[PDB]
Amino acid sequence: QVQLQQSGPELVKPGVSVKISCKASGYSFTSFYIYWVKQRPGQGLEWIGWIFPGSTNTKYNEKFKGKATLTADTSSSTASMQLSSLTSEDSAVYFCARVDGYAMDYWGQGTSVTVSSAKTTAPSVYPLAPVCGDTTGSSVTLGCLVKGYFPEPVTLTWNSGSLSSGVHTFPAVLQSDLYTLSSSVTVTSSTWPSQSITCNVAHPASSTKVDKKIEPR
Amino acid sequence: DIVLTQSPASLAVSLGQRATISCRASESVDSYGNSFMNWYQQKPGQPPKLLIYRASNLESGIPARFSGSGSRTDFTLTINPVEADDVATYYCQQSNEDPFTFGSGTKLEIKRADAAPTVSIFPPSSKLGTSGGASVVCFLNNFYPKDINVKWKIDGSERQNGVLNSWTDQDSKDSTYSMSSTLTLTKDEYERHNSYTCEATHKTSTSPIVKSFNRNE
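Chains B and A, in that order, give the protein sequences. The letter at position 205 of the first sequence is residue 705 when you use the deposited numbering, and the numbering goes up by one with no holes. The letter at position 109 of the second sequence is residue 109 when you use the deposited numbering, and the numbering goes up by one with no holes.
Hints were generated in silico from the structure; no laboratory data involved. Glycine is no exception: its CB is placed at the ideal position from the N, C-alpha and C atoms.
In silico negatives: residues of chain B with every beta carbon more than 12 Å from chain A:
| # | residue |
| --- | --- |
| 1 | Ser-507 |
| 2 | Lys-513 |
| 3 | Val-518 |
| 4 | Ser-521 |
| 5 | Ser-525 |
| 6 | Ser-528 |
| 7 | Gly-554 |
| 8 | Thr-569 |
| 9 | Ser-584 |
| 10 | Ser-588 |
| 11 | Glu-589 |
| 12 | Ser-616 |
| 13 | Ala-618 |
| 14 | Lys-619 |
So the derived list for chain B, only partly shown, Cβ under 8 Å to chain A, looks like this:
| # | residue |
| --- | --- |
| 15 | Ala-603 |
| 16 | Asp-605 |
| 17 | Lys-647 |
| 18 | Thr-680 |
| 19 | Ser-684 |
| 20 | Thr-686 |
Whole structure, please, built from the sequences with the hints as guidance.
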């Protein structure tokens with residue numbers, strides 16, 4: 501089972517280098533090429549360079565030559581990319597891809613790097629119960645508000661992941677150097693508030709795991 | 001280095017119909033004998049998935065309905081028939097020489113029957129008041145098409161300052177859109193006024209769906 505496991509999200513200050521790791525499992529690490537691809541948010545794909553885990557052999561894109569350096573450790577079977585002095589135009593999603601000539605077969609999740617020079621802030625979770633008044637019926641919606649956090653992302657979960665079918669998770673939009681994001685779950689009136697529906701919110705930078713039960717107001 | 005352009009930039013195709021995607025090249029990638037053109041499918045939040053390599057040869061696990069063709073500079077990808085889970089941005093990449101370049105992007109979207117949004121208004125939580133904030137949330141779930149405008153009204157008068165909007169990507173099953181709007185206000189501004197209405201105009205009906213709540217309860 502061929503897999504590529506990339507590291508988590510990254511928040512960096514301008515003028516600081518960063519290493520991005522890509523763990524490979526399910527195949528012989530030293531026999532296949534590994535290509536690296538950059539993705540500017542809301543834009544296309546950019547090839548950075550390839551690395552052959554066997555021995556020191558790399559070819560880079562001329563646009564990335566003096567910025568990206570590729571290394572691979574054979575013992576840990578991990579491909580690593582260092583990006584020197586990150587700017588505003590470097591805040592992107594970086595991918596690692598396994599290539600068997602001449603197409604990229606397997607991919608990693610992609611590490612979201614944001615630069616970004618702001619302070620890391622704690623998220624605030626708020627439960628959204630239906631409008632005041634003892635029920636309405638048929639099928640009622642529930643919401644979860646995550647107000648004022650930095651940086652991306654926030655993983656939203658409903659009841660640990662059991663009721664994840666009628667869920668609308670909304671992409672985060674930046675306002676005054678702060679991110680805001682919401683999620684809504686639509687369920688039948690028979691299963692609420694008879695069945696306890698909880699909001700599970702996780703944030704990596706602040707290291708906060710706030711769990712809030714939605715109770716009628 | 002080798003410019004790859006994709007036409008059209010965006011196409012709308014009904015469920016079960018044929019979609020044509022072109023990929024023009026600035027240099028002949030088919031050099032040496034065979035075409036070195038690859039095709040990818042990328043859903044939002046996910047890495048690109050290889051569909052067809054060398055214009056003709058499909059990757060194992062990819063259905064036969066995904067068909068690619070072309071030689072020299074002109075290349076085409078077709079999906080027949082299309083399904084609900086085909087909502088993605090498709091890319092063509094080239095090997096050959098010399099720094100590897102991706103295409104230009106062509107977003108696929110599905111046309112279906114027009115749907116009316118189920119509007120749900122949510123008052124600020126009791127924990128928001130303690131922190132000093134007041135955010136009124138309004139969810140518009142499962143509607144077609146994407147074109148929709150949300151207008152906030154406080155005590156009969158429109159408010160445009162502090163409105164945060166976010167639109168979701170097309171559903172992988174329903175092929176519908178969803179939107180959320182929030183009035184980022186303070187506790188001081190919230191307690192002065194009483195009525196808060198969430199209004200949305202759509203192509204489905206001339207009358208706007210108005211969902212409102214009173215603080216008086």
